[PDB]
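Asker: Turn these sequences into a full structure, and let the hints steer you where they fit.
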Amino acid sequence: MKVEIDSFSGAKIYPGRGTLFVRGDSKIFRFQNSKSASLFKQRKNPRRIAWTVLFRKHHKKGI
Amino acid sequence: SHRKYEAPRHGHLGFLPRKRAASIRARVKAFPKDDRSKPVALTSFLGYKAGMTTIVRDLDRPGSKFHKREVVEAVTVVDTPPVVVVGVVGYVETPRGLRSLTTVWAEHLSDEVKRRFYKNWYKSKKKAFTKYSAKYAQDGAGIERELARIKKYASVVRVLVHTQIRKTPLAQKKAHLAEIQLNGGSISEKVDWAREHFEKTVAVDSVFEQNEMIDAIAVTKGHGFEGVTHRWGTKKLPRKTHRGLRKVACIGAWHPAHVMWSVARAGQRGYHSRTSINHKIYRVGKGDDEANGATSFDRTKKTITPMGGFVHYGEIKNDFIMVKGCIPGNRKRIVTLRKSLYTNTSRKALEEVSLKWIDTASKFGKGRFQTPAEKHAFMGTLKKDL
Amino acid sequence: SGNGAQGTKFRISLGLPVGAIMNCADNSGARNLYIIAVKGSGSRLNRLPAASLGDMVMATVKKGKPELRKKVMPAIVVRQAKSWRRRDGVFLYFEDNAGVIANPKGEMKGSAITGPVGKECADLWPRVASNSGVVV
RNA sequence: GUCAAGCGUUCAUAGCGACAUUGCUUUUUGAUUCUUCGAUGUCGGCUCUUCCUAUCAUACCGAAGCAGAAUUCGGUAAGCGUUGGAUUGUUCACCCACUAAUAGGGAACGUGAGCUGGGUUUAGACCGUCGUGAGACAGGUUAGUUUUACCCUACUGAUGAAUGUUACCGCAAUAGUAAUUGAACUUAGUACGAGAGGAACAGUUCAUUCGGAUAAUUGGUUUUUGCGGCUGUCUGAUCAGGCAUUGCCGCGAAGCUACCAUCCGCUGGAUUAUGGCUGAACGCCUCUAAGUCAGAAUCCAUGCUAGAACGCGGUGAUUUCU
RNA sequence: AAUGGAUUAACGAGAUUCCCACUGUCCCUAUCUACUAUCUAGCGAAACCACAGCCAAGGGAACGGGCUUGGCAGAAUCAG
RNA sequence: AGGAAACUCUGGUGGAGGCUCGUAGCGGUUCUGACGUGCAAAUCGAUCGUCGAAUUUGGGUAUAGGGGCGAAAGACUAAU
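Protein chains in written order, with the authors' numbering: chain AE, 1 to 63; chain BA, 2 to 387; chain AB, 2 to 137.
By construction, these hints were calculated from the structure, which means they are not laboratory data.
Hints are supplied without guarantee of correctness; some may be wrong.
In silico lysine-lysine, DSS-like type, Cα no more than 27 Å apart, as pairs [unchecked claim]:
hint, chain 1, residue 1, chain 2, residue 2
1, BA, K236, AB, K83
2, AE, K2, BA, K201
3, AE, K41, BA, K367
4, AB, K83, AE, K2
5, AE, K12, BA, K367
6, AB, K10, BA, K349
7, BA, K66, AB, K83
8, AE, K27, BA, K302
9, BA, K302, AE, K57
10, AE, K2, BA, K66
11, BA, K69, AB, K120
Some, not all, of what chain AE presents toward chain BA, calculated at C-beta under 10 Å [stated by the list, open to error]:
hint, residue
12, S9
13, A11
14, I13
15, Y14
16, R17
17, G18
18, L20
19, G24
20, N33
21, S34
22, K35
23, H59
24, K61
Beta carbons: idealized from backbone N, C-alpha and C, even for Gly.
Answerer: What follows is the structure, given as structure tokens:
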């Protein structure tokens, strides 16, 4: 087996836990949770969301 | 006049009456078929339903598409501390059925089981089985002959056992007590086996083994007085309807001028005895051991109890069971396990099972981490972590 | 499927009932597909037959070419938009639901496919695999 | 159903079966007017159960103008199932499509203190025809109040006196009962068939329908009024908060819940029809007469559900200065 | 064919058909909230009532709670 | 402003209509909702019609039973 990375939060997705999405352009996204999923459908930016790994690494926290 | 468009009986009538059980501990109606060629051993067990979780393994049915591929499966977990054998009774057979002629207990008893004899224990002399111990306190004064009576008679024997509700994390202190049939060897052997096992633990490593199909017998969760619509699966009547739509519209014809039993009706849902079968065991595991949650592939030392515990149960520090799928019964509840009655091979009951990974994540939410080590690793330190 | 069931199928959560209009993905001239029936469908009272991924169906064209329009035709689903569950527990869903015209045996009357499809359909209907760009 | 002129290449009976004839049913429609006019709520649909079989499909079988496939006839069989839609008030009909198959009927033409009120069936109104006219028309159209259960019974669930008391473990009378059908691969492009075409049993994986549980996962729900935010206004401003019939939004655990999710859904005997074994009557022969074998979705048990509250058993402890 | 005929823009809580959107009308139901029902304290009606209240078949005013023959029959009761 | 002229157009003002949206108000379509031994011998809710008038209304005043009144339903004429 393997573990993966939420498009939004960038989190380990242990098997089965979480949702998957396949846009018409064949981009396969994965979501650990409906929180991330709903934000994605809202077309939010994780780099702006604070608790996200992208914001974390863009503001240079936990270096 | 006839039914214009056909459709089947809503619900199942073998499972009637849909009424509250006689107990919080489902009766075991039937045990397997006794045979003598095997050794004396139990044919049932008792534990407490703890909860569910989810695992991973490699299927093997030669002809599927997930043959030799991974899957993920919902399992159910039971906490099965070893049951204390105390006593046995003897059943002689009549044209009026099996019938107990003797119940032999043991000398010494635990507060939990004689509490189960009592109701108001906190104000009690605790006077129970004292004169039984005084029938004991000698060599065999009035016990040896009961045993030999059971030998001379009693085609069937059932061993009395009780649980360790104090080993559980529960808050009851009132042990559960029950009988199990023995389906091995001869009758003298059964009784002397039990005599050896008076006041003695018995465990799941002895009663069961992996890849065994069993029956789960328990009482299904109570849902109160309920309408016909959830209780039977009847069509919700339409929007425009005076005086209720969560109903059955016609409940019978003019003639017979009575309500037929088969018609649906509101009333008790749940707290029902149920006996589900063909539940493959996937893992026995040990309280007196760590790494219960760790397969040969993971090898990350971790028990089965997730972060923050089982919801409404706690920990699994006793011997435990992981079985495929669901079972009748809710969390914190008793459960009566049972060997099968029939040598189902089917290339489904013989599918040998070896595991890969076991979700030990928090069910009190949407848990991302199986371990706080992993948690701190992913997160870094924290304000509280000085 | 039946006829063109190159093997079997595992159940898929059902989200395309009769009355559903779903996109057409192929190069056959169509724009939409009005589902009206399902093969291998169950027969229960006041239950709508529901299609799935891989389920061959009978459909109509409410929008498209006047050679295709006003006649039924077999069609096959490749996209669902309803979260179903594979044996690895992955809950997955597209954003749209679409299909492709076919013959009863399963060969696409159209020569190509425009977008992603489902691996189940790709494994069950080989001509779709032939005309597939991307699979999942 | 009887009979059988004829059809069926030839041949009455594989299958049909005119002319003639004997019966059955009450699901039509008449006929009658026994009950009912100090009122039995009146079509259909929806819902929901149950029953019959004159069996559409499924199980096992027999016959064929049955090579195979497909089909037709017939038997035990009502166990199990018999759809979604278009138009119509519709019953009915006709079409579309799936289907294993889309069989017919009964229960006060089941069912209105269960719905609805399209239709019919008051009063308003329009047309046509009839009528001098008021007015008439199972002729057409439109609009038109659908009441009460708190009683008894039945039903579902739920308690419960009395058995010397109380607690625990059990038995199991009786009643109920459930699992259903299809596809795909393989057998095998084999058998069979001149060719055309084209099987089957076993085996495997899957699904349909129904059921019984469960809530790890996903989804839903959210008064956790838990976190954050938003508008208006009030609290001098801030901080923090009230009101806005739960103010609104996003997230949202727990719990409940979903063929929208998951898991499970037993094997032995006696039998029918049918085919048979030995076997006479009838010195042969014959499945039958005595005896006897296998045999089905049947029947009964296994199993499962409740446990007789007036069915029973085993066991423990049984009150003192009362 | 002013017992008015044929059209007719605009208007219509008018009758009717179709398309777009929308949707728990529906597939197929689920969940939540307040008020009830529920239990309590207190208050406290009514309709209705031959007598009362278990089934089957029979016959009978041709569809019985009672009669006949059978089946059965175990205090008092709560919610629905 | 244009145009040969005939005369045509443009921007503004202005504030008409048995116009329109829509509150109060007068009403009463639909829900064939609630209630239907009611709060009520005709109401409650939401949705709706209309809202400067052929408007709504108080008070006085006239018309009385085979008579009256009626933008006409055999409607109203003190729950008739």
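Asker: Given AE:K61 as an interface hint, is its Cβ closer than 10 Å to any Cβ of chain BA?
Answerer: holds (8 Å)
Asker: Regarding the pair AE:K27 and BA:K302, is the alpha-carbon distance no greater than 27 Å?
Answerer: violated (37 Å)
Asker: Tell me if the straight-line CA distance from AB:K83 to AE:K2 falls inside 27 Å.
Answerer: holds (25 Å)
Asker: Quick check on AE:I13 please, does its C-beta sit within 10 Å of some C-beta on chain BA?
Answerer: holds (9 Å)
Asker: Using 10 Å as the Cβ threshold, decide whether AE:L20 counts as touching chain BA.
Answerer: Constraint on AE:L20 not satisfied, violated at 14 Å.
Asker: Can you confirm whether the C-alpha distance between AB:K10 and BA:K349 stays at or below 27 Å?
Answerer: holds (19 Å)
Asker: Against chain BA, run the beta carbon of AE:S34 and see if the smallest gap drops under 10 Å.
Answerer: holds (8 Å)
Asker: Close enough to count: is the Cβ of AE:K35 nearer than 10 Å to one in chain BA?
Answerer: Since chain BA brings a Cβ to about 8 Å from AE:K35, closer than 10 Å, the hint holds.
Asker: Measure nothing beyond the straight line between the CA atoms of AE:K12 and BA:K367; if it is 27 Å or shorter, mark the hint as holding.
Answerer: holds (13 Å)
Asker: Restraint: AE:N33 near chain BA, CB-CB cut 10 Å. Satisfied or not?
Answerer: holds (5 Å)
Asker: Given a cut of 10 Å on the nearest C-beta pair, is the interface hint for AE:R17 held or broken against chain BA?
Answerer: With a minimum Cβ separation of about 8 Å from chain BA (threshold 10 Å), the hint on AE:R17 holds.
Asker: Against the 27 Å threshold, does the CA-CA distance of BA:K69 and AB:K120 hold or violate the hint?
Answerer: holds (18 Å)
Checked against the numbered hints given earlier, the structure breaks hints 2, 8, 9, 18, 19 and 23 and satisfies all the rest.
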